[PDB]
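Excluded from the complex is one protein chain; the other protein chains are retained at their positions.
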Amino acid sequence: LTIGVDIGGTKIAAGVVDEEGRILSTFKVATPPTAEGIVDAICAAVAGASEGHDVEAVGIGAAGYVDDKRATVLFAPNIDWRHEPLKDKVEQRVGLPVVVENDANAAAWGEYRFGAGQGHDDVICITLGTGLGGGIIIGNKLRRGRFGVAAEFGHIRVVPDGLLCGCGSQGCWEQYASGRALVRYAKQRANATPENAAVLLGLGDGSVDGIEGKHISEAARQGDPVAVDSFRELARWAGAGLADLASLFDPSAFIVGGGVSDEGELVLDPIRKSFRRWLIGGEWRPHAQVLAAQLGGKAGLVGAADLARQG
Amino acid sequence: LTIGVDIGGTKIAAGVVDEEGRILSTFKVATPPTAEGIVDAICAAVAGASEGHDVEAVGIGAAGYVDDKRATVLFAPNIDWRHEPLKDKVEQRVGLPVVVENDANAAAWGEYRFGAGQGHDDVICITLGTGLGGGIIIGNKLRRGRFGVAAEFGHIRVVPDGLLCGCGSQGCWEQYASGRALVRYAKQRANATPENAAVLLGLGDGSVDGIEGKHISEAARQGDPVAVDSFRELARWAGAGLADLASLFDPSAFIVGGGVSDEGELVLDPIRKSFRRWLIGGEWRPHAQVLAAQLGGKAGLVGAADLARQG
Amino acid sequence: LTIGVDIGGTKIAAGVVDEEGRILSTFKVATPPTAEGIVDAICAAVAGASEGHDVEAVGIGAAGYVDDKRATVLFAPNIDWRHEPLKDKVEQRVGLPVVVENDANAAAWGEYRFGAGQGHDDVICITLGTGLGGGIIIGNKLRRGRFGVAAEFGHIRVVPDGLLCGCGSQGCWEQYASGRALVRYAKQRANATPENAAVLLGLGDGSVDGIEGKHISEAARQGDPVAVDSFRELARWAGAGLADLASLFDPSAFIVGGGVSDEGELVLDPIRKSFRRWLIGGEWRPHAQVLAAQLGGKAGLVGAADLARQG
Partner (left out) sequence: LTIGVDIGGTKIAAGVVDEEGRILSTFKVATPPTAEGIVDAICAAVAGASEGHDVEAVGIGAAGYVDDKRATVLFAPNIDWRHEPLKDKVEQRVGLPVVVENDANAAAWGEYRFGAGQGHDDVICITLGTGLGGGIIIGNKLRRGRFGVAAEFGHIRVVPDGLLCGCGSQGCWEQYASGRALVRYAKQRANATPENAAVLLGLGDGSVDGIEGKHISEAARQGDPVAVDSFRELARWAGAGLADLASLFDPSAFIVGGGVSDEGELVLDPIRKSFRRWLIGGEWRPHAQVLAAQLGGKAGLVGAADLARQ
């Protein structure tokens, strides 16, 4: 029995989780803008979620690069952590041992252990959020890398001299296949051909900026030409990438979750269909599966809890 | 005590390799023009290399996708081989256990176990030649992939819609970081500004296309502006690539070898400099060493012989 | 009243064309393998077509860089002409006044003066064949540029570090927007997803290699999915580019034509839809029309003739 925490931009969330990934308790606080308030909000959230239960360790999913010690947040893009010991600060204050994991590595292990990855051995997970993140599992282990920063798939350059990424470099995959990307793609199309977007503009404020990640997903189901076109474009870079990861890792299966994948096979099919249409030498090689995530949002919590059991 | 085989375009070497990766007796045969005759020449070579030696097992470097069961060449670009059961074929006609490995994988592992990898756990190898290829070690074991076809690095797409590649896909990395690329960039630069290739051209037939691989590594070490600056361009693509593999697996070390690196730190240093510059991170995330391969060309032969002791 | 010449690769055709651009007599002659044999063959052609006809001039469509004096082929890619004085040669030997033009320019002028171009002042014609080619008409004149070599739209570099081109460069538009292109796209796709290209692979010989341009323009209208997707890919590069010519010259009408446009609204339409999708200034700038090319094959001859009317 253990507790996991997903540190998710709007809300932090803690929970007591059994050996089969069942949430016995949830508790949530509004994420702080500050640096040190996160530690304070985390313990607050641990102490709320423990709720009488006899807890052994605590695993935290932080959105940022976490080290190979599973101890420190090396760098987050938003929140100012400079080599900040998060294990050390929280261990001394909730008494119990702590382990810190990359946010998506948590999700990755979450889906693999209790989700769509059950009964596979070699598995790559992607998540399509505002950005694009993931994790590896090879041989039944999470693979952090030697320094702890492995599978930062979002910043594999896809387009040289590409778009400015939120990380510094240009052309990162995260700027072409993601929730950010999707919206760019809508707006671009939307601006040129306003007519073939009457159902999609009719959802926001009517004007070319009122477009949001939700508006597209729905506007597409009702087949709004521009909406569905923006999924193709996404599906493209999405699939391209999967094919590149397929060339490098050759998994049994990719497991695509994310906010924009909790939409279903409106998105998942085109990407599976792009992947196939972009994989190399498929004639001779086995095609990996492109499965969707089962645990949706919960992944990282459960992932983190169970990752807090490993040595 | 075990034999390794390296199936070269010109010639097929079969050597006896000991526990410590030491070639005790190489033996050679010419590479016939047929597909089916190669299987004879492999046996012919394993015959003669094996004279008066207590041999246990035999590994084969295959220039194509090898499966996970390590027994068939699924597809080779230059040998007419399709689902060709090289293992069963040779196992039957030599009388000793056989494994078949990807040629890139053998050399990757050969370097990891007896070469430049010693004392590392997570390692990614590249070798630059006509092409680009390599292998992966994560946690002390070669990682072939779920289906046996991993680390086909050569073909991670680096330019969308880019240069035509021999795997039939546009924009692979092989096309930009490889002896073949090196040459292209020289031919372009030399043709733009002939005045700076006073030395480089003099080495070939004084002509526009005379340039060949060797002539550049010669012209470079002789401080020739075009030949030194072609290596700068090969560095950009080579490094930028490693920086991306650094995001995927984030190893403790890249090991960079093959024909193009035989020329030494003239080639490797500007790469190491490119790698550092393209690396996503900054001064928080630590850098993976870029080491020179030690076992030169014998990598494939040696490493194959060791992969013959696995399971 | 005047004769034009279409220097076809398998025959040479001289034609008598009136003030209203309608062909009277037409005399063809085998294309010889020798360079000056084409001169000889042009003169024979000219003679044979000028039967009891009051002929004033002879315009000649040459597929090379013609100069500003409309006289020398400065370079033909196939014919061995370097600085050939084709105007003075052919004048001397047939007694009539002569003028030489780029073959795309003849096509361009023909279509502006006798096709989709009528009632427009500023117009840009693109003809999609093995390559791309075109011509500028601005202020009702053809615009050869200072040195003669205007309008080589084929080789304006759309993908830096892209595809090696006949012109000797990488990433030229020609390689992305043309027959040669469409076919890549089909082959890449068909080999990726055999299942979907079942009609396309029928029309040829079963195999990926057996695919040919005309088989796709058919397999499309029967709605073969691979063959349509390949027409999307083309329409993307063709429109993307048109929208760049639109930002350069800002014409009243583009006129897309030549081999893979004479197929019709199967193609023009997606292009027209892809030009609007990529045009910048959606809501403010009027949209230039995308018209289909009325004269088909004929144009080169008809334009050459009529360009002979002035200087």
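Annotations
The letters A, B and C name the chains in turn, as written, and every chain counts its residues from 1.
Here is the rule we use: a residue touches a chain if its C-beta (ideal position, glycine included) is under 8 Å from a C-beta of that chain, and two chains touch if they have at least 3 such contacts.
Shown chains touched by the hidden one, complex as a whole: A, B, C. Per the touch definition above, the residue from A:162, A:194, A:259 or A:286 contacting the chain not shown is A:162.
Per the touch definition above, the residue from A:50, A:188 or A:252 contacting the chain not shown is A:188. One of C:9, C:33, C:52 or C:139 touches the chain omitted from the figure, and that residue is C:139. Across C:9, C:119, C:286 or C:311, the single residue that touches the chain missing here is C:286.
With the whole complex as reference, residues 160-161, 192-193, 276-277 of chain B touch the missing chain.
On the side of chain C, touch with the chain left out of the figure occurs at residues 65, 74-75, 82-83, 120-122, 136, 138-139, 141, 143-153, 155-160, 167-169, 240, 244-245, 247-252, 278, 280-281, 283-286, 288.
The chain not shown here touches chain A at positions 159, 161-164, 170, 176, 187-188, 191.
Everything that follows uses one rule, which is that only the chains that are shown with their structure count from here on.
Centres computed as Cα averages put chain A at a distance of 49 Å from chain C.
Residue positions of chain B with contacts to 2 or more other chains are 159-160, 168-169.
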